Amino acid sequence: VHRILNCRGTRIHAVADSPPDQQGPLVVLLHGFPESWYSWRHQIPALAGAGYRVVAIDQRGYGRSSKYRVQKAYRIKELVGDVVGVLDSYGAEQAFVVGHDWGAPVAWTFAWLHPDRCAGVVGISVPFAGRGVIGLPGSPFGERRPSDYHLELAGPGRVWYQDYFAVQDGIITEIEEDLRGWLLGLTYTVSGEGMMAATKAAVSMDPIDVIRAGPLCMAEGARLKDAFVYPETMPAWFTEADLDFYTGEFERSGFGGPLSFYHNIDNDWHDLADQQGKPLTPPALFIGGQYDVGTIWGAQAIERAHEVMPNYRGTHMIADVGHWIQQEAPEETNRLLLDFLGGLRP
């Protein structure tokens, strides 16, 4: 189950599963922020049962994988290089790569830069955004600079959460005061039930300005934790045992490495200029969430999927669920993945 891979000097921890014959196409699962290989707990058994060799890693800076302090260790191409190291560890020429949240940009970019090593790519929550890394209502494919675009058009005297994350000072401070409660807050808030309830509190305008006056949008000097919402009772899809797992991983790893991902966005947008225009050629698929903020912000990037991905095999919207897509709708997600992989050849 547990494996330690050496990806050209970087220790990458992973949880594997496959048919007893130890044969089948390789499927790599990339988790996002602030998650773990554990986020794919409902897919691993399904994919392995369908005949695939499934590998769910802890990205660098997470769980039991290498923890770097320097910022350059968390640039998109380093993340991508880790995925390449995974395939190399399994001696696999190609592999299906599935990424969620931050895992998606890495999976998308992995397919963009290494189409020869990719049999298919699936981004969950966050649609392909080219050099944009993360598509937003204003810039679906990174038309403008990430940082500055955040500043203006995102809040008068407010702060874009991503830029807050990138600071890695106050964000960490508000987390450590009570890490377990922070995880619960951030989870329930951008979840389905949490979003439906936040909307139910209607008491409809332009989406581009809905971000402001939103949770991920805070007033300068405040704390992102200030806008969280906690459930009266632990949702059925995210129990106490799940929260205890995640809590245990992060009280050991911290958020330093994870937050450096956000800190390098501008740097990623930079590193990916020499790719704009070039299409993403592997067969691609996007799974979005009705109430997921990732799906909503990349709405413009999704309408133009075929414009950037010739082998785009389609968009799939899961209703009533929020950001934690593969956990909130484990079986719907499994069906979609099994269909996509099923109709493709390794």
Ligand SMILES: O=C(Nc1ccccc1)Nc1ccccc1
Contents of the next structure:
2 protein chains.
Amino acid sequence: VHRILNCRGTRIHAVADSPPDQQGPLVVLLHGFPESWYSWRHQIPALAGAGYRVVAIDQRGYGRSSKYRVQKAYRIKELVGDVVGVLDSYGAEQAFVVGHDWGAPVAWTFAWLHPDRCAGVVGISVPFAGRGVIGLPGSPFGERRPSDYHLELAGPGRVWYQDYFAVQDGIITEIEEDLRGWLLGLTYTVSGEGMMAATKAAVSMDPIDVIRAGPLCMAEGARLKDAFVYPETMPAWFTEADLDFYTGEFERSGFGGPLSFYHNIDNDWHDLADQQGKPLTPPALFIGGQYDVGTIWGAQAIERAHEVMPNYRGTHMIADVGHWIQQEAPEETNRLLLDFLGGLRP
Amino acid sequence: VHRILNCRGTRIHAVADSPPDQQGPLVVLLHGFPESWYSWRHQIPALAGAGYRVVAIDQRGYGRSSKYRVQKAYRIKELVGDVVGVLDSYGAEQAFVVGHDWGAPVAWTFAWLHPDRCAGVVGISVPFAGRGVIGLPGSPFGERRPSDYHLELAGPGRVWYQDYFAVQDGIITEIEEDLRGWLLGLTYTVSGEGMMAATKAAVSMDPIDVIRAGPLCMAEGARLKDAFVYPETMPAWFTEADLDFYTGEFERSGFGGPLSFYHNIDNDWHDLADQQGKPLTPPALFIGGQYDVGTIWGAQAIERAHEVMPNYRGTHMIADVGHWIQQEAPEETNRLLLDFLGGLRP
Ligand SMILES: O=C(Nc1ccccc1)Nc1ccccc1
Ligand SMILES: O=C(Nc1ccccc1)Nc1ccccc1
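Got the form deposited without this ligand; could you also share the form solved in complex with this ligand?
Everything in the complex follows now, all chains and molecules, and the chain you saw is the first one.
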């Protein structure tokens, strides 16, 4: 089940499974921030049980995969290259690729640049946003420069969490003081029950400024950790044991690699300009969450899905769940994936 | 036995042991590059058995301890601060501190700056080199600037491995292509049997240029890995299981943190100028290895040991062993430590 791949110089660790005959359409699962192959624990057995060869990797910088320090190692095309390397290790011509959160842009771009290797693509939480990487209330497909739109048009004397993440200084310092607690905080805050709670504190007007006054919109000089909300008890879907696993992965891997993903957003935006316009042709699908910030911020990109993906197979919304979609609604997510993959030809 | 310390914002993981009454002089073991608390596996039980509270940590950037990205987190005083934090967690006023390789300058500097917290200090492989951090054939106590002496006076069109390590680009890339193999290579090359082998290839003249034409002296553009020597079989002291452990630690931690230690050598040299001259007063001891590059390069600093450490208790040389001293000669190392600590007052 545990595999160590390294087709072209980069070590990629993974957890695989499939029918005993080890035959069936290859399905690659790409996790987001700050997660791991473990975020797909509820999907792996279902996918393998339906007859698919499922491969859940640790992206570079995460878990047991190669940890690079230089910023250029975390640019979008490199991430996409790793996926290509995964298929070449299994000797697969085509593959179904599913990505959640940061894994999404990587899955989307993989489909964008390598349609000949993609039997279909599914993005979760973060909808296809072209050179933009992640669609926002103002820029669904990276119309304006990422960092620019952040600074101006997001807060007077405040700071966009992504720019903070990119600095890789204060952010890591705040995490290291108490990493287990930080994960718990972040996880709960953007989770369904966490978001519905914050809302329950009522006391509807312009989404563009809803991001502001939001948990991820901090005041220059403060700590993101300062806006976290902690549960009195561990949610039913995210148990103590799960938290110990993630904590274990990150106090060993650190957040340097993961955060570098963010550091390159602008760079990615630039690297993908030569693709702007061209459509994404493999069969595509998007799974969103009612209270997921990703789904929300990407509303406009979603509305214009069919415009850029001529073979879009639909937008699916999972009610009463937040950001950690495949973890917050594993069975519903499984049904959706299984339906998508089942109606397709490997 | 496994402990998670965090007295002041930095997570430090460790493996501890002691008599059941959990009482006795505190002994802190500091590992080097690229090692872990595991490098002291043969010492922990002996020290605990003799009645000492032994604590073997993972320095920052290693194993399960906090992984910082910024360069300033890996400067000498920060490393030393972590040690201080270790004693405060056990509430110990004084402690015996043993350091091998990179752990040595940290143990030495700890004694240098905090004599009031040090019952005694032991450096292994790397002898006390003042603001120099690591003594060299030319500069035993950091007489000339570290990087300067490297460039000029070390190779025409060649490059000093430490400067390469500091760049943190090519070095990591070469490692990631095959990390398990890299560790095996590095470990064997500078090991006793590896060094005696290279020498057996005879075919004595100026040590200053012996470093050159050496394995750690590479030609600009080449890979350090290019000069490695691999054993036909695993040495008796460094087994497959040990290698799997180290491999496991590093493909999770990466080398970014460890390498940053090197990146700050010059900076350290600068940070410790305000200490130049002042003597190191706690009871000190040095353990060297006949074929250890550390012991060899630090020959001059060794000859002048009593000059800077008025309470030096002696230089000890372990024959027929290379760089990995406490691993290559665990029992001999244990006897030496036990003798040193036994004749002292906690
Ligand atoms: O910001 C997040 N993701 C992201 C993915 C691709 C491009 C840019 C950003 N995730 C996130 C997840 C949980 C809490 C906060 C943010
Ligand atoms: O270079 C090494 N150590 C060191 C420690 C303190 C300051 C500067 C350098 N170790 C080393 C160990 C094995 C192989 C090669 C180098």
